[PDB]
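Listed next as structure tokens is one chain, alone, in the form deposited without the ligand.
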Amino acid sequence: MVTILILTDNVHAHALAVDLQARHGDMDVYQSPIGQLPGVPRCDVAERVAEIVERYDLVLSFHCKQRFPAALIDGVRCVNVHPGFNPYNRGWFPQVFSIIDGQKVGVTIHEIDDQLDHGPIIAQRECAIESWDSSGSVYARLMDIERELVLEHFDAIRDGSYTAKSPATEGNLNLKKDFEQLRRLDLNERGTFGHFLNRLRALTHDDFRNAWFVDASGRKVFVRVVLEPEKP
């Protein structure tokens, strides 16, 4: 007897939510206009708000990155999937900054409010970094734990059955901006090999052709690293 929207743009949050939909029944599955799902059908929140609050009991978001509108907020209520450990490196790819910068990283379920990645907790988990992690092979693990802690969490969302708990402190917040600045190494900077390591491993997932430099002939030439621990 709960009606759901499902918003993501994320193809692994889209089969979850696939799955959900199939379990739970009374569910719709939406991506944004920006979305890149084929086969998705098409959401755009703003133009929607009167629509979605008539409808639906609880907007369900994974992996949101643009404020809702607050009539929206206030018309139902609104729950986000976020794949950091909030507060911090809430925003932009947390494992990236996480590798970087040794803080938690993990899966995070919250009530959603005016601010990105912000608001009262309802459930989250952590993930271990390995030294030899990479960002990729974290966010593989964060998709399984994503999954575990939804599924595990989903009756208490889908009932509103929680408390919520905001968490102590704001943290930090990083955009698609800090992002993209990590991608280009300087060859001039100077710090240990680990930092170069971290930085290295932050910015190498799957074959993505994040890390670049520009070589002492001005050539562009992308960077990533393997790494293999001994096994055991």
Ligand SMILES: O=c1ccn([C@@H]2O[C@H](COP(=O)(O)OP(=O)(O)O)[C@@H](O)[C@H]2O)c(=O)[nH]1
Second form
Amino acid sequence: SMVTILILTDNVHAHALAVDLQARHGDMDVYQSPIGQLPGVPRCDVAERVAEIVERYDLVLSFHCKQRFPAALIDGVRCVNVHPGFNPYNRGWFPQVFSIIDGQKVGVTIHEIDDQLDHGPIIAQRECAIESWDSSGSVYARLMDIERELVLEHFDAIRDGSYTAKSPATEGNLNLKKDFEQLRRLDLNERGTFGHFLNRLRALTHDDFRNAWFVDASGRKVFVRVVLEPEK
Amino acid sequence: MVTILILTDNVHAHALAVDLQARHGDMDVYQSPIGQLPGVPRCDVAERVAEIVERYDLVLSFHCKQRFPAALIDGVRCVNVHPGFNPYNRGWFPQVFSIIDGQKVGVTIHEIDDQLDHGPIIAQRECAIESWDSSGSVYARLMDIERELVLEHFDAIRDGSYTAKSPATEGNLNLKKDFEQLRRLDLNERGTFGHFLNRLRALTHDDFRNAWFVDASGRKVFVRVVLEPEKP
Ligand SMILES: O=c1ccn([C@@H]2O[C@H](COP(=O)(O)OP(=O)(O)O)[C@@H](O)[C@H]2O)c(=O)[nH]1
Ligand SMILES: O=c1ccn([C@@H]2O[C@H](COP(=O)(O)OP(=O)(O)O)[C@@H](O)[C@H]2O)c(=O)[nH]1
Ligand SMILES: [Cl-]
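Now show me the form deposited with the ligand bound, since the one above was the form deposited without the ligand.
What follows is the entire complex, opening with the chain shown before.
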């Protein structure tokens, strides 16, 4: 416990996991970002507190981070992120949405932070299979389980720094919030295969979220989501 | 005064028949030899023609899918209630086919001749198909329309005092095989998004596992869609 850890996440599941990690480890603080929406969780404005953070902490561990860390922070203290995609494929926003569409792997990756988003030396990663009946929702739920097991399994090694991280072979691709937003509008005139349309719908089905929509002939907006059930 | 035989295998029509029995009273309610209503007696119409003609003044069927023997038609006045808008998508599950082809759907009360859902129309009422409708949601409305249309015209149907008009054209007829064919989704089929979306909503009826495909690993997967219009 000579290792003093700062945990940063705006994600509700990662936060719950951070709380368990706290019970287990002890010398550990949990914050969210200035724009995070977790109720009752204090906020570190990382961009301003670089000095405090470096002096005060031995390791900064973030979950699902979307902003880049300032170079000075990356230098002054060991920074690690947990991303719920399989780097370097579909880095950035909502990896399993884009993976359902393009067929690239999804999973959870624990990695050292550099100046680019979801980039740089990989500590560990597990792939998550995408079944033909999976929606974004069902995959995401599995990813959160994988994340919990992966992080818990490797916590000691992350804490102690007893790993050798390996950079991915290639740069992969990056998706941003705009990219998800563009997927949401369904163009009723677009041509494609049924499989293509079906993937589109399931990639945009996540429990109750009203993601996919079209505007009908009379100007009414209609929300679409899909239900896929494999036989017993 | 007028003794009615009601024939239906449909659960909603049966309930409606039970109410009509409470009103008119000189009326028996049966199902067919292959119907599945719990505890409802069965007329094997094909073999009881002489008895039916003798015993009854009107045979009123709901959602009939088998053709009446010519002997019965000539021997007693036969009227059918069909949950389609004759002559369009006569036969099986009209709104399923109507959602896909854009023809009108509704409820038609008509005289029975030698062909299925054919012969002089007594009364009919159209049901609008909204862009967010599924087969399930249309069908619920069809069952309400059927109730209202039948209660409105009951005395006249009972009386025999209506005018009836033959439809101008033959229309089209859909059979169980046709519905069965629709169910199989071909993931390589090309079309517009709107087309595919109509196909899925057409095959969505509450919990029915209608639409299906077989994935690469040989696993059968059922598909339904959930459409929700914004608050008007
Ligand atoms: O408007 C949204 C926001 C999120 N999600 C889904 O919910 C998951 C959780 O995203 P969240 O914003 O909770 O945080 P992240 O997973 O990016 O940390 C995402 O992967 C999306 O699949 C969605 O369907 N619509
Ligand atoms: O295997 C089935 C059977 C019925 N239905 C739906 O349920 C409605 C009523 O079916 P029913 O068997 O009661 O036939 P009906 O008496 O209306 O001809 C149909 O129009 C279909 O929309 C379905 O989707 N799949
Ligand atoms: Cl490795």
